[PDB]
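Colleague: Chain by chain, the residues run as shown.
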Amino acid sequence: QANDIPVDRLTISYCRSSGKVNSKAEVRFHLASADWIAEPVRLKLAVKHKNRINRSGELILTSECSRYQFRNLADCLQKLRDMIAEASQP
Amino acid sequence: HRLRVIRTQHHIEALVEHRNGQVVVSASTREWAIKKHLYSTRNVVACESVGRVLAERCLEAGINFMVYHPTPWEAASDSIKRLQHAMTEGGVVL
Amino acid sequence: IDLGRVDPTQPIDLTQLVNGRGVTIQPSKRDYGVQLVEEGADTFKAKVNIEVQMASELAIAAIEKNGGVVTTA
Amino acid sequence: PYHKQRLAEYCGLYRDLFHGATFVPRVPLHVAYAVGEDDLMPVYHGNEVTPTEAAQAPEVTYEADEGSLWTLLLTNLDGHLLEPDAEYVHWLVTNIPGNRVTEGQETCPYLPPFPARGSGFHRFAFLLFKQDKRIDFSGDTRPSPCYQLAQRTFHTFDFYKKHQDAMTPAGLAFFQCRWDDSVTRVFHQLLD
Numbered sequence: 067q068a069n070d071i072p073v074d075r076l077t078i079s080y081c082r083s084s085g093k094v095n096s097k098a099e100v101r102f103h104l105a106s107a108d109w110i111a112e113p114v115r116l117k118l119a120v121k122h123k124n125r126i127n128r129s130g131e132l133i134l135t136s137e138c139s140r141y142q143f144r145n146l147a148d149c150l151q152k153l154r155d156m157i158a159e160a161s162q163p
Numbered sequence: 079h080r081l082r083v084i085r086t087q088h089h090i091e092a093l094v095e096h097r098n099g100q101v102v103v104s105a106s107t108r109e110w111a112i113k114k115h116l117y118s119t120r121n122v123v124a125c126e127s128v129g130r131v132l133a134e135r136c137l138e139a140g141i142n143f144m145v146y147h148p149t150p151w152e153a154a155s156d157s158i159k160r161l162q163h164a165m166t167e168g169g170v171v172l
Numbered sequence: 105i106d107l108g109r110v111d112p113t114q115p116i117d118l119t120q121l122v123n124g125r126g127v128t129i130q131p132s133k134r135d136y137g138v139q140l141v142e143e144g145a146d147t148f149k150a151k152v153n154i155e156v157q158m159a160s161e162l163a164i165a166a167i168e169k170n171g172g173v174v175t176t177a
Numbered sequence: 145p146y147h148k149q150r151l152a153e154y155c156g157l158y159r160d161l162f163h164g165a166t167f168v169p170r171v172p173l174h175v176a177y178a179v180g181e182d183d184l185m186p187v188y189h190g191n192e193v194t195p196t197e198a199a200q201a202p203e204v205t206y207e208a209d210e211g212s213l214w215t216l217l218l219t220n221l222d223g224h225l226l227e228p229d230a231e232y233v234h235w236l237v238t239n240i241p242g243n244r245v246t247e248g249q250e251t252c253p254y255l256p257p258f259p260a261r262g263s264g265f266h267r268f269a270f271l272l273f274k275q276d277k278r279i280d281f282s283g284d285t286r287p288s289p290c291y292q293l294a295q296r297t298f299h300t301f302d303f304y305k306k307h308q309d310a311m312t313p314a315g316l317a318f319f320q321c322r323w324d325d326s327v328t329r330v331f332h333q334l335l336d
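Chains as they are written, first to last, in the authors' numbering: chain u, 67 to 85, 93 to 163; chain S, 79 to 172; chain P, 105 to 177; chain b, 145 to 336.
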């Protein structure tokens, strides 16, 4: 599993709404083009986690909890860390 | 879904009814006794036959998780036991 | 910060916050501490030092994220 | 007998069948999907199968007479991306000698199912009609593996009634089908 989660390699988009006030963070990146992920882990994410995969893009995940941006972003990266960890080894 | 079984002195019938009262499917003794030329008199073997029939038809109709509520007295009879046996043998889950 | 108050790090302190009429008087409050609850922190201005008794997690987060300095006493 | 059971099964579940006005079948149609060493049999109406084995051309056998003409159809309604009452027809074949499909002229080649997510179970119907004589269909589109608008607005009462009054809904069949993991690839093929 990884730690740093090199965001600069990824793509971030923010989506906010008004009414309860919610701030939604979205992370999108190419799975097969990621050199920061191990070989089996990638293909594992491409199968088990394929539910989050689309034909036009590899991995896209969205999370919203706190009104802040990088908090929800940290939730996204944490989800990434969990998916990678569970793919690598229990 | 419920299973209503009417046992008589001659034949025995089994009906499946939706909440609206409409019959989802039905299996009786007489018709299949005409088709298969099986013994028309009431028997446990015949009950197993129409049980497997109703099973198959319910499986083809996509009917799963069916409720069977026999009367407390005759529920201990071998016929109803082998009815539930023939039904469970179909692969359904009660 | 947007009101044109004192920018630099050194003079900034609770006293200066008192002079700016932005503080709450606590005459009947014994052992008065100072805490920071996060809000309105989205894309706020940068390079500002803040010295408080105890700052909340999201406060220190928000401040440090934009390059600010959190002083815990 | 089997007939009355088929009637009660036909008119006892799906209301869209009455909206299409199609009468209850008296004909014992037998459809069997054969893929590799595996054989999935829809048989009676209302069966549940996956789109995986439904991606191939099935086998249609009902009381074969090779000196007669028949009409085969396969349709489905998920409602798709448009308002209800719009029908989506996967297969259209006309002028079929006997039960053999290969000898029949295919107007609309077989298109494998592509259900959406959380859309529930979808009704798939095989409509089989009798022909007194070969009916020439003009104005009808000539579809490809990828097409959309021509496949929709195919609803029965504006088609079966208007175009051919000589075709009686002799045979009929039904099976239910839901979402699987093979939809994404099909959608990818449709976007290209």
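One thing to keep in mind: the hints can contain errors.
[As the list claims (entries may be wrong)] The calculated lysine to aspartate or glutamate pairs, modelled on EDC-like cross-linking and capped at a C-alpha distance of 20 Å, are:
id: 1; chain 1: u; residue 1: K123; chain 2: b; residue 2: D325
id: 2; chain 1: b; residue 1: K274; chain 2: b; residue 2: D309
id: 3; chain 1: S; residue 1: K113; chain 2: b; residue 2: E207
id: 4; chain 1: u; residue 1: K97; chain 2: P; residue 2: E142
id: 5; chain 1: P; residue 1: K169; chain 2: u; residue 2: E159
id: 6; chain 1: u; residue 1: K123; chain 2: b; residue 2: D324
Worth flagging that the hints you see were computed from the coordinates, not collected in a lab.
Colleague: Work down the list of hints and note, for each, if the structure agrees.
Modeller: Each hint tested on the structure:
For the suggested pair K123/u and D325/b, the alpha carbons sit about 10 Å apart, so the restraint of at most 20 Å is met. Taken as a hint, the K274/b and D309/b pair is honoured in the structure, with Cα atoms around 11 Å apart against an allowance of 20 Å. With a CA separation close to 19 Å, the supplied pair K113/S and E207/b stays within the 20 Å bound. Restraint check for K97/u and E142/P: satisfied, since their Cα atoms lie roughly 18 Å apart, inside the 20 Å limit.
Of the pairs offered as hints, the one joining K169/P and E159/u is violated, with about 30 Å between alpha carbons and a cut-off of 20 Å exceeded. With a C-alpha separation of about 13 Å, the suggested pair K123/u and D324/b falls inside the 20 Å cut-off, and the hint holds.
Hint violations for this structure: number 5 only, all remaining hints satisfied.
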